[PDB]
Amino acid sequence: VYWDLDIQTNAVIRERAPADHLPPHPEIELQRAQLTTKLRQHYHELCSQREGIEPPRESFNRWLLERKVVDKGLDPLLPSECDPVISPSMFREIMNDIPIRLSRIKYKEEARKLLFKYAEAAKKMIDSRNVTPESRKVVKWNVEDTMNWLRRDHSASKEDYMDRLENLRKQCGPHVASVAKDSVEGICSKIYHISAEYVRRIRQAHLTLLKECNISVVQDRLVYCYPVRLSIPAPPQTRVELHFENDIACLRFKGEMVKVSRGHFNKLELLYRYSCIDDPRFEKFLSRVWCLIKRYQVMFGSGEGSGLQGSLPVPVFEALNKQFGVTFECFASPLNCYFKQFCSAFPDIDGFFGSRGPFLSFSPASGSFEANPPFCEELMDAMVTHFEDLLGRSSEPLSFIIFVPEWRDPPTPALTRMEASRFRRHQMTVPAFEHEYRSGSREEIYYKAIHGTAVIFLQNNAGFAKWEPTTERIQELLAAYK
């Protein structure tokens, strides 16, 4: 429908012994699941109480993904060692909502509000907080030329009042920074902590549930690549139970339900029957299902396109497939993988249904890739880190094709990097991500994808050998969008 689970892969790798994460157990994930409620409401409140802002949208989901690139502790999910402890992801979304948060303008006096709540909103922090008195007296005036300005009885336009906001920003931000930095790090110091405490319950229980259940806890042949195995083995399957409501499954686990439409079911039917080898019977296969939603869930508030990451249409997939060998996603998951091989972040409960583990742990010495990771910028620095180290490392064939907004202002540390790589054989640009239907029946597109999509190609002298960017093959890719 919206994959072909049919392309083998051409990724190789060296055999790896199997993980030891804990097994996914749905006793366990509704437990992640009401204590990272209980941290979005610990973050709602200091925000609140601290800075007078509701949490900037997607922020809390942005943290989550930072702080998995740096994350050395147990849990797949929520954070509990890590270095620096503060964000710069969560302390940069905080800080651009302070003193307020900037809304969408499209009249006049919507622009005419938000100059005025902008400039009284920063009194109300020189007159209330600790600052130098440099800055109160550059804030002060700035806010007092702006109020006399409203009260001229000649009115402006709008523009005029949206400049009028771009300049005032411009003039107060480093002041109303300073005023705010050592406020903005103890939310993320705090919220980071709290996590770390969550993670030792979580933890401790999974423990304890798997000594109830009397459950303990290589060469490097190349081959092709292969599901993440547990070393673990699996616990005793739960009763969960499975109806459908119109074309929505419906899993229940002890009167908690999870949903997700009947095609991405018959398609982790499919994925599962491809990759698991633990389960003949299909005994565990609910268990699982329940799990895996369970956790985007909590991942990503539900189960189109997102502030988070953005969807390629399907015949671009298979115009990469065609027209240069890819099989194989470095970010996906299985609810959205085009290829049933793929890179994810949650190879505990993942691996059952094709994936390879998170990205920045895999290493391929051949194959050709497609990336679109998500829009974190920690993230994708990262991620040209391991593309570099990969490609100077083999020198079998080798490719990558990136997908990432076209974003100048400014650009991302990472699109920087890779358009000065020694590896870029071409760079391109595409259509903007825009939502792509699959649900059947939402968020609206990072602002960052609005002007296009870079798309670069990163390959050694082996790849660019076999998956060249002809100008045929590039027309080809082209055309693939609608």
Given for the second form:
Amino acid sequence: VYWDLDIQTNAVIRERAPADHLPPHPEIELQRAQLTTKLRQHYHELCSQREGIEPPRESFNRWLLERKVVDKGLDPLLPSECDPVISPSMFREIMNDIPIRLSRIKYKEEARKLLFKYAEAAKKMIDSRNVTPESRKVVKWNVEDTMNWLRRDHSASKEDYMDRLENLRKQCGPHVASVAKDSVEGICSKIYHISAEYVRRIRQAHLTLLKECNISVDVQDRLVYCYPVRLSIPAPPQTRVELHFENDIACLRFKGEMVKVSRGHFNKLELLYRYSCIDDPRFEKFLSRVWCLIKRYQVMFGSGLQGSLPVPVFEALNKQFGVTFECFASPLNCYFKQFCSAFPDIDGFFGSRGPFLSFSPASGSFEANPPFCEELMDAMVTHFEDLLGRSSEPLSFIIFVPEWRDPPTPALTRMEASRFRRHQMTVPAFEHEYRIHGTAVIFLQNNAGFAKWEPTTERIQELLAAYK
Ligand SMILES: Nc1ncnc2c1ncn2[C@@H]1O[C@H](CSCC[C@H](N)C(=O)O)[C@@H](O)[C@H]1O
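Go ahead and give the structure of the form deposited with S-adenosyl-L-homocysteine bound, now that the form deposited without S-adenosyl-L-homocysteine is out.
Entire complex below, previous chain first.
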């Protein structure tokens, strides 16, 4: 019992024309998977060759999210037409691991080794790369001072080694950053430009497949309850995808390539497809599409970027505040059968209303638990206030984000200063759901939304009780 697909939407939108996404097919999904693996490999080689580091953990996935905020290109997953070319997300994450990645410390000896490793790497940087005379002498002095300190007889504590590293990094940081800046920007640009080449290859392959199938690739005022994204281009024929179950795991094989999903999630997808798909009355295309869906999300992940909410919390959001819709979800993790998601081309068959920034409700009660991408969260806040100010119909958004204050994300600061904020509180932080400080819960509502779904004391109390 991890979802409630019986709850009907109360989201109201203007009727939309069907979307122009090329309809998914496992042949194309497999190629996109193989090229995205190669792209991650290029990123690994660039980080190693240019800066001697591993790719910062989760940075490639966060890059995909940031790029999609601005991407105007043709692929549902990979970026190809972005201004600016250099991702501020990837740049920021690589620079934080220069000249080395700081790892977790448990023991005094691990702290001493990390401090030495930092000092040694900063020295090799200054010895082997172009650096201004001012920056060179400052780093050289700090490295030499640290090595002299480590040379002393009587040893210090673990906390003293950690404090020495924090101070050393504070002094060297800006100088090391100035040495590596142009190199790091070059990694960000190159991986974007390789992505664009791969996107062109996938696009041509997908166009050629639809032509092989003899498939042609060539109202705003009416308000309706929301409905899944529909594709204007007819879908290609089903392909051969084989299903069998092993130990409650659904195994789907396309041309020898296997993907797996739990039996419970599989049965969920079958139900979402019954509720959401209108072009496949005999389920002939169902296994082809489930294979594409699982593969797409496996590729997106690559096998610390998002968190989920416990079922009793969604029950309380629906019962106390009328929530029927998730602004950020996937067919695999949604609680409601109506939600926005990253991949309209494949997720629409399973209930997706498309990406959130392209979704424009006039009314409804919503929950939002975005992935941890600062750029996406900032666009989300702008989108919230645009929608809340465009409509006088009841409109509410209940938003869950990490309570981070060192420094706070621009999104969290803007939401706390919003003219639509009706309430704010702290609930326990995101934890692993089986299916650091805390979680900020922010209520953004227009006048009509505040009248209909007011966060009264009793309603807030029942929502808090859903954690107890
Ligand atoms: N542009 C976008 N629009 C809507 N959802 C998006 C998105 N980009 C990423 N996502 C999705 O946002 C989700 C955040 S995890 C949220 C889990 C769960 N639905 C909950 O509300 O608690 C992920 O499934 C992620 O793929």
